[PDB]
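Colleague: Listed below are the residues making up each chain.
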Amino acid sequence: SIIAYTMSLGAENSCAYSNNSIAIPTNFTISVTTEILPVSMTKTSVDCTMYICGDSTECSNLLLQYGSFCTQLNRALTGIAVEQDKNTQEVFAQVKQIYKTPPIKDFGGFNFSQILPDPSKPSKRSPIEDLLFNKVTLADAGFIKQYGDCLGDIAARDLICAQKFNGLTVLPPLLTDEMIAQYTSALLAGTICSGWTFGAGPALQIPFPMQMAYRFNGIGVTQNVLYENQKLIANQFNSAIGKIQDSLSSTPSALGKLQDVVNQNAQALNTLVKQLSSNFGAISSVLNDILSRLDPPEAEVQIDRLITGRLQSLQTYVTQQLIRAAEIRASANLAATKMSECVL
Amino acid sequence: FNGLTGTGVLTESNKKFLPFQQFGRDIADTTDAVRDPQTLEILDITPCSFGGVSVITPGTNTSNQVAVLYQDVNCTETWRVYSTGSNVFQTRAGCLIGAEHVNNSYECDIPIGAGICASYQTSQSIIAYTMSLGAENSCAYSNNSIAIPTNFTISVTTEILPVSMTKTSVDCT
Amino acid sequence: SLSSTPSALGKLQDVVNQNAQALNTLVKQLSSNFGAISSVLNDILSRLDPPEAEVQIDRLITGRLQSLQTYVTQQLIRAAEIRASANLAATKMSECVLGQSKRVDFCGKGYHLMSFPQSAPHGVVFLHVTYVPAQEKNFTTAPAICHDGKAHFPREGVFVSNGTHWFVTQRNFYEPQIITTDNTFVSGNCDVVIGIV
Amino acid sequence: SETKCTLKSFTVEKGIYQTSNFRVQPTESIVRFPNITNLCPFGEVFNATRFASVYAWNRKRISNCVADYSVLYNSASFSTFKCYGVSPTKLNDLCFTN
Ligand SMILES: *[C@@H]1O[C@H](CO)[C@@H](O[C@@H]2O[C@H](CO)[C@@H](O)[C@H](O)[C@H]2NC(C)=O)[C@H](O)[C@H]1NC(C)=O
Ligand SMILES: *[C@@H]1O[C@H](CO)[C@@H](O[C@@H]2O[C@H](CO)[C@@H](O)[C@H](O)[C@H]2NC(C)=O)[C@H](O)[C@H]1NC(C)=O
Ligand SMILES: *[C@@H]1O[C@H](CO)[C@@H](O[C@@H]2O[C@H](CO)[C@@H](O)[C@H](O)[C@H]2NC(C)=O)[C@H](O)[C@H]1NC(C)=O
Ligand SMILES: *[C@@H]1O[C@H](CO)[C@@H](O[C@@H]2O[C@H](CO)[C@@H](O)[C@H](O)[C@H]2NC(C)=O)[C@H](O)[C@H]1NC(C)=O
Ligand SMILES: *[C@@H]1O[C@H](CO)[C@@H](O[C@@H]2O[C@H](CO)[C@@H](O)[C@H](O)[C@H]2NC(C)=O)[C@H](O)[C@H]1NC(C)=O
Ligand SMILES: *[C@@H]1O[C@H](CO)[C@@H](O)[C@H](O)[C@H]1NC(C)=O
Ligand SMILES: *[C@@H]1O[C@H](CO)[C@@H](O)[C@H](O)[C@H]1NC(C)=O
Ligand SMILES: *[C@@H]1O[C@H](CO)[C@@H](O)[C@H](O)[C@H]1NC(C)=O
Ligand SMILES: *[C@@H]1O[C@H](CO)[C@@H](O)[C@H](O)[C@H]1NC(C)=O
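Residue numbers (the authors' numbering), protein chains in the order written: chain V, 691 to 1034; chain R, 543 to 619, 632 to 676, 689 to 739; chain U, 937 to 1133; chain Z, 297 to 394.
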């Protein structure tokens, strides 16, 4: 059955207040957690003329009476597309040196084989990165569709064909997946070989256990703890990474935020496609029926009604797309801050 | 077709209409197929083009040469191309015509997409190339060796932020 | 650098240009017909009677009102971007100018020393002064010293060695010191730490 | 020139400008209708000897014929010819089902 209940805010606990007693840790653990941030969203361009008018000269001539609105919407979408690449570079373009991955994958007991790229795969991705790419589902199998295939009837009614026919164009990103993986790999090699020195400027080699010793000193724990228990620490680190790989592989919703971004843009474009079919008060949703059955002045009245309908639809889409773009910009700025502040 | 007009490409359809159904319509409420009124064949109708054209232009105060990118044209596999003139370079972003293809990576100037960029270079022409992400470098991993700075420099850099914008009031009447 | 480069302040010019274009867009949109017989209100009033003028005027009113609403929405979104920028600028003012922050790249590339804000048209320009490592040398290291069987760790800095002698240096600057009991602490013994010299 | 026109400028800055689409134009007009050869019975409708009383009006179906309204121009003068579903000038371009 369906059960209704009062929510539990959390487990109850207590801590004694004793003016002559303290608690002190005697042991410790290395914990590995994840953080997920959107960086970019699909770049979309819309041909407002093809969308509004079905290659109708009369419709086009009427559209010219509102042409600056069509141009303005195109400009707003272009600006959004430009911002997506700016955001991508700001998150992933802080280091202008590409460091080679060392041939060694195990440094002082710390196993990075699941973090560093696997050179034997077509995609220079780590097993964890490969899992990340195998969880988010993208409807667009690349950016080139061509005119063929879509020429005939698609039994599945593949949405990309319909969207492109109505003037909705999906643009490629400026940076490819290989370029991003290469950049990230360079950052991992940078930190592993030189700690944080490569962020501030030149990369100074430091043995990995000494980078950890400095990090412990930063925590407020003597270097002795790391050197005394180095093997235990390395074992906990390696186990924590294995746990991350299993956690990501096991949970289908681990990357839900990114799927939600993709789904929101897919729904917005399917919404425009469905809204194209509305009558908007006209005798027919199809422009060719109006032109075929009505004379010029009556066709112009019904066409003007359809033009108003479609133009309002596009403006609504652009406004919502721009607000989502603003949310992506805020997310990208946070991601870039985390990159510089937490990684470097 | 029997009073239903339009522009498109006719093909044989794989659909079968019920004995009383004359027309097929898409999710957009547009015609996707028609049963021909003269011979009872089922035909599909598809729009004639996807477009997808952008022009790569250097500033007009230097040169009037341009190159055109066709986003949905596969120039390697007519071709929905306005004009050619050789200099055909296919990319994941579509094929472009008019720029030279140079395999010497370089700094990006005018971005194209999917790893490709272009710039205007001197015998002047528009050059298309793969972007260079950065200089390659390396750092040795040595468990018994460190590097230590022996000298230092004072560096001064700038940061620019908007604070305000022009305040505008509009009398809507 | 500022005098030489015409684009040094491009972000501020872009803000000004966006608002100028938005207002020129409203001026140009005023001229659209919007489906009416004429873009000029006086022609409609002069040639048409009340009820026909009212129909054409209503069409123009809808056109202009939609134009203004579009402008206001876009202006408000740009205002939101300016607010985000201003909040970042205020944070940088308090955190980089009135103090010294440890955040990497927050106050410019390198290690932050100090900053000097300057005013600018519709904005602020910060001059950040940072400490940057320069010439460097390759030295041998070790995590610990085994003097008498006890494990000796540095109180600060790193153990560095030239070809023949061991010293203690600062991680950010090479001033070799003699290893002594006043800059070294003892904990544990020589049988646990790997690579003890 | 297309870019210059789009930006309302005779100077174009360095960059990429999107400028409409490459469109294929039709090369021929293909018209298909059923092969109907009979003329519609306009004589029976307009040259009838007698019309039914309005209280008991008649209706009949017309099918399998070609409609042509120019035949009436030299037959009778009509006081009313008002079409609501279709403009009169487009009547010859349509085909009707009931
Ligand atoms: C430290 O002492 C506190 C008491 O001051 C312990 O807290 C008590 O723990 C018992 C269970 O062992 C509970 O039944 C009591 O109710 C707790 N009393 C409190 C919080 O006032 C605490 O467990 C001790 N911790 C350690 C690590 O020894
Ligand atoms: C470092 O981790 C990798 C896994 O990321 C280890 O390689 C695995 O080794 C086990 C045997 O111990 C094999 O069964 C797995 O199939 C291997 N996996 C992969 C992906 O190669 C590697 O042995 C670890 N190295 C060290 C030194 O601990
Ligand atoms: C501190 O905690 C660690 C685990 O976080 C303990 O190490 C494990 O101890 C169990 C016995 O209880 C062994 O079976 C495991 O093999 C140990 N793990 C590793 C990686 O060595 C450790 O014993 C605890 N006590 C300390 C450090 O004093
Ligand atoms: C420190 O030593 C490394 C080697 O461990 C030097 O890096 C080498 O530099 C030479 C040029 O002098 C290159 O040809 C090698 O390929 C580099 N090898 C690497 C990175 O493994 C480094 O230059 C030395 N630095 C200083 C300041 O002496
Ligand atoms: C490492 O540094 C030490 C200390 O400067 C050098 O040893 C000194 O060398 C000078 C001559 O340059 C002598 O006068 C001192 O008496 C030496 N000091 C000691 C404690 O022996 C040493 O030569 C340097 N080693 C290398 C390989 O450069
Ligand atoms: C063109 O088609 C071929 C064959 O499907 C494909 O391999 C290629 O990637 C496509 N596009 C380009 C730009 O080469
Ligand atoms: C350092 O690494 C080398 C392998 O390159 C190894 O032989 C040596 O024992 C290691 N030394 C220490 C102190 O870890
Ligand atoms: C006329 O149309 C009918 C119905 O489709 C068809 O069977 C017949 O063959 C056609 N005849 C001619 C002469 O086109
Ligand atoms: C009606 O009869 C006249 C001759 O009196 C003829 O000219 C006309 O065409 C006929 N009308 C029709 C609709 O056949």
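Everything labelled a hint here was simulated from the structure, so no lab data went into it. It is possible that some hints are incorrect.
Said to hold, decoys possible - Result set (SDA-like, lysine to any residue): computed pairs, CA atoms no more than 25 Å apart in a straight line: (1) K947(U) / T778(V); (2) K300(Z) / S943(U); (3) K1045(U) / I584(R); (4) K964(V) / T778(V); (5) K947(U) / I1018(V); (6) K386(Z) / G339(Z); (7) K790(V) / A1026(V); (8) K814(V) / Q787(V); (9) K304(Z) / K814(V); (10) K947(U) / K814(V); (11) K1045(U) / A871(V).
Colleague: Run every hint past the structure and note whether it holds.
Modeller: Evaluation of the provided hints:
A threshold of 25 Å between alpha carbons decides the hint, and for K947(U) with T778(V) the separation of about 18 Å falls inside it, so the pair holds. For a cut-off of 25 Å, the pair hint linking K300(Z) to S943(U) stands: about 24 Å separates their Cα positions. The straight-line distance between the Cα atoms of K1045(U) and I584(R) is roughly 68 Å, outside the 25 Å bound, and the hint therefore fails. As the CA atoms of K964(V) and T778(V) are separated by approximately 31 Å, the hinted pair breaks the 25 Å bound.
Proximity of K947(U) to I1018(V) is assessed by CA-CA distance (about 20 Å); at most 25 Å being required, the pair is judged to hold. Distance hint between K386(Z) and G339(Z) is fulfilled; the C-alpha atoms sit about 22 Å from each other, no more than 25 Å. For the hint linking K790(V) to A1026(V), the alpha-carbon distance of about 23 Å falls within 25 Å, and the restraint holds. At most 25 Å may separate the alpha-carbon atoms for a hinted pair to count; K814(V) and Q787(V) meet this at roughly 18 Å.
Proximity of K304(Z) to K814(V) is assessed by CA-CA distance (about 46 Å); at most 25 Å being required, the pair is judged violated. Of the pairs offered as hints, the one joining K947(U) and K814(V) is violated, with about 36 Å between alpha carbons and a cut-off of 25 Å exceeded. The straight-line distance between the Cα atoms of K1045(U) and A871(V) is roughly 24 Å, inside the 25 Å bound, and the hint therefore holds.
The structure is inconsistent with the numbered hints 3, 4, 9, 10, although it conforms to all the rest.
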